[PDB]
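Only a single protein chain was left out; the remaining protein chains are all shown in position.
Each chain gets a letter, A, B and C, in the order it is written, and its residues are counted from 1.
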Amino acid sequence: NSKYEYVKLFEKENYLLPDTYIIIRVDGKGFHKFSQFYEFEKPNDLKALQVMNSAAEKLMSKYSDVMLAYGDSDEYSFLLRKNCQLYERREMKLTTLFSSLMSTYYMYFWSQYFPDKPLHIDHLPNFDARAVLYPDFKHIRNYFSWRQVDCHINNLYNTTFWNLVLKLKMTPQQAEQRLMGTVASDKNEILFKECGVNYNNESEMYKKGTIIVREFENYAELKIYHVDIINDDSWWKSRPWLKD
Amino acid sequence: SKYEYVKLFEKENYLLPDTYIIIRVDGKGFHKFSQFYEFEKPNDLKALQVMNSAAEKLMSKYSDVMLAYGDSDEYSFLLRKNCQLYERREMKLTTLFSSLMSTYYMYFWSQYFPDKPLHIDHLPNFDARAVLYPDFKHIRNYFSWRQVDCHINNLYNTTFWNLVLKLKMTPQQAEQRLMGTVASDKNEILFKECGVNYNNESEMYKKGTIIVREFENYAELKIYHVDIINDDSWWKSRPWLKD
Amino acid sequence: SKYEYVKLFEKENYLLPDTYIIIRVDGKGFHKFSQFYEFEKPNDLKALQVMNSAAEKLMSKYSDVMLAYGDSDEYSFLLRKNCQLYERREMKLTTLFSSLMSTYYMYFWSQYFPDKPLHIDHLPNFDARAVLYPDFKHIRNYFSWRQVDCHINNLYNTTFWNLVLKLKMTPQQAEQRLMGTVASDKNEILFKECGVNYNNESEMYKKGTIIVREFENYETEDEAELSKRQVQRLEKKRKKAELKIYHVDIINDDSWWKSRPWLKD
Partner (left out) sequence: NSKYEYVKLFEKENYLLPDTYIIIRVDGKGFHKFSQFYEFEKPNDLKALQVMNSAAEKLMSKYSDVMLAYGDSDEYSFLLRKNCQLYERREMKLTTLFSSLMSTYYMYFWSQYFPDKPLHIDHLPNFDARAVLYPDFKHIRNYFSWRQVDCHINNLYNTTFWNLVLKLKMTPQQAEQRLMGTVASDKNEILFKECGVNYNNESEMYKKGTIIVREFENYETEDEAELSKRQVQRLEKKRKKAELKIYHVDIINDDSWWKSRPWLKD
């Protein structure tokens, strides 16, 4: 009975520092293999991104403390307002519930968008999740800038890579050697001149990723954007509730 | 890069080496979940079969899991003390387990309840926590703790719902009858007042579920519904749980 | 080496970057300690001067310390938010501060109380804890918290010991006399029964002690681009600026904080 419950004293809770912005980032586990197994289109599978986006928006609509979400590829980052008391700011609760939620929402929406690709039990969509604290909103701006810069680099690379492979019939291995050394202008030239692709004409979602933001009128409703957030300061300034 | 410094704000937790790790998952809002999908009360057999299939599948994927114990909407997994899965990072281990149990549950649900398709607002989610134990006797006491808790809670729920269904008590009147009572009292209340013999309840409901890796010439996963609190020989004949 | 793996069991705690750090040290068993060396009651001036000398000395050695507040057997130190002392290691920051205050206290004690050599079973020990605050408004409220506490404990102790020393009550009956009492009552007890006006007590006893780094020609001149020899000059001025001591209200006087912008930066 009560002779075993002392083992409860070995648990250690981690209460995240109060009045600090929390970022929760989730990223698909082994999604390179996952995207091969389910034959994702390359470089970008549109419906696969729409599954991520439905999952993230659904989560965000469940927790009014999530003010802003940014996603691309197999990742999503969620901004929690600094006065968030969700699960008393317990790190274990916030992170394992977020990876659990994204996982199950992903499975739900996958069966909707891909009815002909039923999930195999050895290839279920799993996510990790980590919480990071940022004490000042300038780090929050820089964080999302970090994630959008990364979206740019990876999409430009992948779009070039997969066009070398699919249009020029290169194998993945010869595509990589072709790109070693190349800078951004080079990849652009290769896409236009060799593959007949104008990179600037790629979908805004592929190039910029996806922003889900909570909108307030008399400072709520969820709106989705595919825009620059790195250099457009007015985008943030007209949204002061992201900071409060 | 001018933005990547933000990575330096991340803080990892590497769990103390050479210590046993328990990962415990527990269903999020499973009161509501069990009502929405019209689970049988006090215990739903097929729901438990879904948990057990999920846990067995996870365990068959991760050779570091030596033992699992489940009852109700929870499961505990023992990782061997020299486990190096994700370099023993707490963030990785716990979010992987909550993600794994969640999706395995969704997968197995559709096998066991083809007639109860999952609703977008009622998916099976789990939390997950890691606990360190520096000595195997604490691992023994840990699984004893969970099994005793299975007993206490199964007794409570079985008694409560039979007071309501057999004696036609209201929820408050049943709660009022149970105030103060200890386990032997609840067992007696069931027999004498509700006409239910608790000892005849299913062993799974009473004892919970143990999944253990069996080695012969010290592998196979075997499922048990047996006492592990007082049977020292059950543990003693399985030294690989310690090692 | 076959034994050095044991180093891997150590766990460092690097305090979150860009946040204010408060270190609070507090004397271990200073009730018993102040009895053993027969401190004057309610306040021993020279014992407080020993604490203030220790804190001023520590602060003169570590330019990241921007502000210190003390009373009784405690001192709190504000580290600027971009402090990199020991790479923000919690273990290093706290045990250094408890060690420093302990040794500075023993040194200054032998200067101020040459006739009371310290006994080996009653050495002055301090704990020390680091606390993070993500916004400067929390730093203001933190120091308000400590100054409100200084007021409360000093009003109680002054009433208590005047009941004992002037009215010849035993400690326990003085304690019972004060059970239930609120602030105006303690004030009345002191005035009407003991002939002491609490408002006439020393500012140091009532308000505590503030040690602040003072800068003269300060502009928030710091940004990531400016570097090299400019930064060394900013660092040099922080070392060779003057520590001023105050016994003033810092709870409600915003202009005191407002005219000292380098505390936030």
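Here is the rule we go by: contacts are C-beta pairs under 8 Å (C-beta built on N, C-alpha and C of every residue); 3 or more make two chains touch, one makes a residue touch a chain.
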| item | value |
| --- | --- |
| Residue among C:30, C:69, C:133 or C:198 that touches the chain left out of view | C:133 |
| Among C:43, C:52, C:72 or C:94, the residue in touch with the chain that has been omitted | C:94 |
| Positions on subunit B where the hidden chain makes contact | 16, 18-19, 81, 132, 134-135, 138 |
| Those residues of subunit C which, in the complete complex, touch the missing chain | 1, 3-7, 9-11, 13, 28, 57, 91-92, 94-104, 106-107, 118, 120, 123-129, 131-133, 138, 141-142, 144-145, 148-149, 152 |
| For subunit A, the residues touching the chain missing from this view | 3, 6, 9-10, 12, 15, 17-18 |
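As a working rule, only the chains that are shown with their structure count from here on.
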| item | value |
| --- | --- |
| Centroid distance [mean C-alpha coordinates] between subunit C and subunit B, Å | 50 |
| Chain centre separation (subunit A, subunit C; CA means) in Å | 46 |
| Of all residues in subunit B, the ones touching two or more other chains | 9, 11 |
